[PDB]
Amino acid sequence: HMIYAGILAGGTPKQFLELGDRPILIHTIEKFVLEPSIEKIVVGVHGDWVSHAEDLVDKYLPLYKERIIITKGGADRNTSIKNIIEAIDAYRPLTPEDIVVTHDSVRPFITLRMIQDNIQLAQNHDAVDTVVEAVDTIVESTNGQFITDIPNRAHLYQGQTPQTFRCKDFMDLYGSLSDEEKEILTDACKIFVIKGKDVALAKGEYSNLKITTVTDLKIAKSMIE
Amino acid sequence: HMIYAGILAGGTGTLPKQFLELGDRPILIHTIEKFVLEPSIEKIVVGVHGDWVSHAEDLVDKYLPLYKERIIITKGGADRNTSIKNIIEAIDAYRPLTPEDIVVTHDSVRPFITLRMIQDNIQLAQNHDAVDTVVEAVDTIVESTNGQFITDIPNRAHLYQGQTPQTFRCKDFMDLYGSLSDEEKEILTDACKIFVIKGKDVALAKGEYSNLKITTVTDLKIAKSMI
Ligand SMILES: Nc1ccn([C@H]2O[C@H](COP(=O)(O)OP(=O)(O)O)[C@@H](O)[C@@H]2O)c(=O)n1
Ligand SMILES: Nc1ccn([C@H]2O[C@H](COP(=O)(O)OP(=O)(O)O)[C@@H](O)[C@@H]2O)c(=O)n1
Ligand SMILES: [Ca+2]
Numbered sequence: 000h001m002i003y004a005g006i007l008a009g010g011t021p022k023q024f025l026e027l028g029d030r031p032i033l034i035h036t037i038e039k040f041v042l043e044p045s046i047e048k049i050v051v052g053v054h055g056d057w058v059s060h061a062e063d064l065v066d067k068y069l070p071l072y073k074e075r076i077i078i079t080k081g082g083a084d085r086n087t088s089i090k091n092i093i094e095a096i097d098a099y100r101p102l103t104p105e106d107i108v109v110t111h112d113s114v115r116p117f118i119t120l121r122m123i124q125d126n127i128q129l130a131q132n133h134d135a136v137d138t139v140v141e142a143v144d145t146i147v148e149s150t151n152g153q154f155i156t157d158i159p160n161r162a163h164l165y166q167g168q169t170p171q172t173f174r175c176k177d178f179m180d181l182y183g184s185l186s187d188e189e190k191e192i193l194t195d196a197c198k199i200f201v202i203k204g205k206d207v208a209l210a211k212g213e214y215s216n217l218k219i220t221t222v223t224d225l226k227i228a229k230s231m232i233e
Numbered sequence: 000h001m002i003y004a005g006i007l008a009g010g011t012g013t020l021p022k023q024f025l026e027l028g029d030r031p032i033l034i035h036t037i038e039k040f041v042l043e044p045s046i047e048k049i050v051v052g053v054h055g056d057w058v059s060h061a062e063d064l065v066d067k068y069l070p071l072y073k074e075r076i077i078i079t080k081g082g083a084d085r086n087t088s089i090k091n092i093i094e095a096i097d098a099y100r101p102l103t104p105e106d107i108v109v110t111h112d113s114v115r116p117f118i119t120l121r122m123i124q125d126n127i128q129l130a131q132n133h134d135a136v137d138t139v140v141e142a143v144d145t146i147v148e149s150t151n152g153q154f155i156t157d158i159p160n161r162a163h164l165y166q167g168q169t170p171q172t173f174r175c176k177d178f179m180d181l182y183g184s185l186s187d188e189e190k191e192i193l194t195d196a197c198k199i200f201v202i203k204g205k206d207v208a209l210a211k212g213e214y215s216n217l218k219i220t221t222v223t224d225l226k227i228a229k230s231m232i
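Line by line, the protein sequences are chains A and B.
Throughout the first sequence, residue numbering follows PDB author numbering, covering 0 to 11, 21 to 233 in sequence.
Throughout the second sequence, residue numbering follows PDB author numbering, covering 0 to 13, 20 to 232 in sequence.
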């Protein structure tokens, strides 16, 4: 079986911002290029930014242009995955056993260690979520007016990426959902859980920051001196 | 009836940052300054560690000279609940508690609280049991009861990050903290968690993503850039 990388960069964007010296997207793709087991690295880019992602690849990673496929992502992260898996299928026809390690372009501090656990866990599980023990106190409210519930904070995890699973599996489970369900089931791991599937946990790092806000940008800058 | 600010501002065992310089003033000072903005808050009761009581007194004498008779320094407890107990009992020494007297509890290490947040807490406390300043979770929260594979990914749209202010009536909190045993108090160290699990109507207050909790070093670095 093959292993692929699925970089999600189709968002609406922070990943084309310079971090230190190079775009966050380039930082993120970098960690995947060394990994011997990863066949191609496939990036879902917003259809408008595709060409600008390739100029970026040429300018910043000319040694790996062959290892990278830049493809049009979709309206929401799940769709981007669909599109990434489709592009994988265009490179080599998917077998039941081929794998995708998906990851946010805006997470530029993922470690080869994480990547390797995800790949490694996926052997004897349906899918793999990368998480860390929750820091904030989490409060629930179905209405958004008063507290409907407070979950037990000793079993809560802050969810990050990689999210790793077989390709066919995603195309099957995601495929079988009405639009209304897709709109509610936005997390890729959620879909596996509700379909009653075994999703194991990969140890993430509190440092696996996801860069969404101008505050996240500062935290990142201080992490690279 | 009365309105008090209860500033949870002391303890060890966890190096907590409330006495560090932010811009020019210690963080705690920034925090107290927000509550002096509110004309309606009677006194501002600050709950510091035993060793730090006088250090805090001086900080008021040095940085808040005029609003010094507005502020009352007191000893904290082992946990913030024991501290709220101590803040409450300090107020009862100042002015005997009237069943409706509310306390606006707040982390001393959250100096970016606005008056808007404060006023929403006094207001929402009117016809609710308690108030919890809150913001929409930005992170997907994942539940796992076993610890190796997931048992639940709640809907994120319905999930919230806890902040402070947390507001309530003084007698109301004491009467619940009482019925709890010494081993019972351990399992639920947050104040709003007591109200909910003893079935009470505690409403949400729109918080702020800028309402940072200064705990780590990078947190201090973010904070310094914000002011
Ligand atoms: N259609 C989409 C939407 C978002 N994304 C984004 O997914 C990652 C970050 O997720 P997000 O915070 O935008 O959304 P979510 O919180 O993961 O649902 C980014 O690396 C990427 O920009 C994507 O690749 N394709
Ligand atoms: N007995 C205690 C213990 C800690 N605290 C802490 O509660 C406030 C915010 O919490 P923190 O940032 O120290 O973090 P933690 O809640 O102690 O994990 C601090 O101002 C103070 O150090 C308290 O008010 N009373
Ligand atoms: Ca009443």
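The hints are simulated quantities; they were obtained by calculation from the structure and are not laboratory data.
Certain hints may be false.
[Claimed, not checked] Calculated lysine-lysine pairs in the DSSO-like style (CA-CA distance at most 27 Å, straight line): (1) B:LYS205 / A:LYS226; (2) A:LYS226 / B:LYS67; (3) A:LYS229 / B:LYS226; (4) B:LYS39 / A:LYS226; (5) B:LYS22 / A:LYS229; (6) A:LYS218 / B:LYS39; (7) A:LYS218 / B:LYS22; (8) B:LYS39 / A:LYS22; (9) A:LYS218 / B:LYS211.
Is the hinted pair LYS218 (chain A) and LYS39 (chain B) satisfied, with a Cα-Cα distance of at most 27 Å? violated (31 Å)
Problem - Given pair status - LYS229 (chain A), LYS22 (chain B), alpha carbons within 27 Å - result: holds (22 Å)
For a C-alpha distance cap of 27 Å, please report whether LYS218 (chain A) and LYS22 (chain B) respect it. holds (25 Å)
*asked:* Between the alpha carbons of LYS205 (chain B) and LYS226 (chain A), is the straight-line distance 27 Å or under?
replied: violated (40 Å)
Hint check: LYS39 (chain B) vs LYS22 (chain A), CA-CA at most 27 Å. Holds or violated? violated (33 Å)
* Asked: Hey, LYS39 (chain B) versus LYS226 (chain A), does the alpha-carbon distance stay inside 27 Å?
  -> holds (25 Å)
- Item | Restraint status (C-alpha distance of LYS218 (chain A) to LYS211 (chain B) at most 27 Å) | holds (24 Å)
Quick one, are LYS226 (chain A) and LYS67 (chain B) close enough, alpha carbons at most 27 Å?
violated (33 Å)
For this session: Assess, step by step, whether the Cα of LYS229 (chain A) is no farther than 27 Å from the Cα of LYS226 (chain B), and give holds or violated.
Result: holds (11 Å)
The structure does not agree with the numbered hints 1, 2, 6, 8 stated previously, though it agrees with the rest.
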